[PDB]
Amino acid sequence: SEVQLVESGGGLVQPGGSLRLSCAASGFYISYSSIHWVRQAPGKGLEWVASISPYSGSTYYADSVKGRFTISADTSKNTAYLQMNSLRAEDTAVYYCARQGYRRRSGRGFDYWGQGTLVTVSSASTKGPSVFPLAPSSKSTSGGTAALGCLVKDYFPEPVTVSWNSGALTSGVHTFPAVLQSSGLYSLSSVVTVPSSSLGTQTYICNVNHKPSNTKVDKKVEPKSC
Amino acid sequence: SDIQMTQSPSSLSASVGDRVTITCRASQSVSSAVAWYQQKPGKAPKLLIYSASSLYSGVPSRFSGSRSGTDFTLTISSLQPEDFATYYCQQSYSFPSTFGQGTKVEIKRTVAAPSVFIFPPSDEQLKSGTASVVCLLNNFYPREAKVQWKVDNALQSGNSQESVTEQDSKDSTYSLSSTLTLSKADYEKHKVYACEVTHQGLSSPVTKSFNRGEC
RNA sequence: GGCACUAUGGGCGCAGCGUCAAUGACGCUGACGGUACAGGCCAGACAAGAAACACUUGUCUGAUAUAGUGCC
Ligand SMILES: [Mg+2]
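Top to bottom, those sequences are chains H and L. Sequential numbering of the first sequence, starting at 3, is according to PDB author numbering. Sequential numbering of the second sequence, starting at 1, is according to PDB author numbering.
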């Protein structure tokens with residue numbers, strides 16, 4: 003039970019930059035195992051990066067990182083390392099370190115994984131979002147309910163938080179996954195369906211909080227009528 | 001050459017009690033050095049099967065692995081509600097290692113058509129030089145859903161982006177959000193902005209439209 | 001990759017000469033080359049060792065081999 007892996011060292015970094023991730027093992031001596039790195043770009047699948055062998059210290063790398071990344075271990079610290087050099091936007095991912103098990107107990111399957119540390123490579127500067135109402139109206143009405151929302155636009159880096167009516171409104175909310183625009187800034191929208199009969203009586207205010215740029219924005223969304 | 005691992009299906013809809021078989025095909029012999037992993041959203045993967053057919057310790061017995069040559073199948077004898085997840089095969093026969101692209105197991109329900117909504121750009125936005133038009137498809141099933149923008153009946157390519165929610169925990173439907181991004185100059189060169197939605201629950205494709213400058 | 005045929009300086013022959021993680025191998029040229037052996041070295045695959053490789057110890061194969069040719 004007591005086996006655990008803790009990745010650390012992630013962060014933002016510009017293209018061409020470098021970063022060193024660490025992997026603190028506990029519950030076992032790191033000298034007798036193979037240690038791997040596995041990454042997962044946001045919304046994508048797993049991608050094996052590198053590994054180091056016990057007793058030999060032999061190292062293996064994926065094609066997409068050969069010549070830029072270096073895995074190593076310091077067995078006196080019980081820690082593994084991933085030095086990443088001349089990083090590229092394609093390297094943006096959650097980076098996992100994993101233990102390959104003992105041969106006789108689990109073959110070569112990775113039996114323990116850390117919870118990962120996030121590496122973001124971007125040219126983008128820190129930038130608070132612009133918030134724009136998605137006004138309810140006809141063309142956003144389906145019988146008894148109307149849809150309405152806020153467009154949270156052109157921010158970096160992730161994440162934003164969006165609440166409706168200062169948290170009081172939660173049911174019917176869909177806050178969509180953000181999409182990364184070719185400008186390198188993110189954009190998301192958040193929408194809630196409500197009884198159309200309440201559009202005249204209840205105000206609706208999306209609260210957008212972006213701690214990286216230390217910005218808080220409250221937008222009242224109002225119906226469009228004629 | 002790198003050994004390729006390619007899984008099938010890439011997504012699979014089932015209900016509790018279903019027998020599920022996910023396959024993965026190595027591009028060359030990988031003998032039996034194949035592992036299967038389960039990953040739930042926001043959590044790190046967990047090992048299920050090692051050496052292609054050995055149940056990893058502590059893993060429920062309904063999971064099993066199976067091999068014929070380069071054909072690898074993970075099956076779940078009887079799906080339980082905690083089995084909805086993404087699964088991965090991995091070859092560790094040779095360096096560099098390879099994962100398959102992953103098979104998502106989602107909850108099957110009856111077909112639900114999207115209710116489709118459209119939102120013209122805000123006045124606040126148009127003041128800024130940008131025009132964003134947003135199309136919402138709300139609470140539908142299944143997830144496959146073509147969203148097609150038309151501007152004065154011209155089909156749009158290359159200027160829209162989509163995002164989909166995860167399957168809802170309560171009605172296990174989806175919701176999608178398509179945004180058409182235009183320069184303000186481009187937006188004022190046209191009249192009729194339309195969202196065409198194509199989905200299994202609709203008899204024929206539904207469209208929502210507006211004319212720039214409508215009250 | 002297989003099958004048949006041909007030939008074989010230990011897988012390591014002598015002597016120089018060059019490259020390399022040099023009580024090793026690898027490539028050159030020269031000269032020599034009746035046998036058998038035996039150790040030892042070495043190469044290749046593999047097993048176990050907390051072990052994919054490397055390391056240690058062990059196992060199997062090195063004429064049941066290895067070059068050439070022909071054929072599928
Ligand atoms: Mg010839």
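Note that these hints are calculated values from the structure, not bench results. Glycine residues also receive a C-beta, built at the ideal position from the N, C-alpha and C atoms. Treat each hint with caution, since some may be false.
As the list claims (entries may be wrong) - DMTMM-like cross-link-like pairs, simulated, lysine to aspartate or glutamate; straight-line CA separation at most 25 Å: (1) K46/H with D168/L; (2) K43/L with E224/H; (3) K221/H with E144/L; (4) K208/L with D65/H; (5) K189/L with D123/L.
As the list claims (entries may be wrong) - Some chain H residues close to chain L (C-beta under 8 Å, calculated; not the full set): (6) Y104; (7) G109; (8) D113; (9) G130; (10) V175; (11) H176.
So, going through the hints one by one against the coordinates:
1. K46/H with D168/L: Given pair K46/H, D168/L holds - Cα atoms ~20 Å apart, limit 25 Å.
2. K43/L with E224/H: violated, 38 Å
3. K221/H with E144/L: Measuring from Cα to Cα gives roughly 33 Å; hence the hint is violated.
4. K208/L with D65/H: Violated - the C-alpha atoms of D65/H and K208/L are around 47 Å apart, more than 25 Å.
5. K189/L with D123/L: Status holds; Cα separation ~17 Å.
6. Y104: violated, 11 Å
7. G109: For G109/H, the interface hint holds, since the closest Cβ of chain L sits about 4 Å away, which is under 8 Å.
8. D113: Holds. Min distance 5 Å.
9. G130: violated, 14 Å
10. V175: violated, 10 Å
11. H176: For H176/H, the interface hint holds, since the closest Cβ of chain L sits about 5 Å away, which is under 8 Å.
Taken one by one, the earlier hints fail for this structure at numbers 2, 3, 4, 6, 9 and 10, listed in ascending order.
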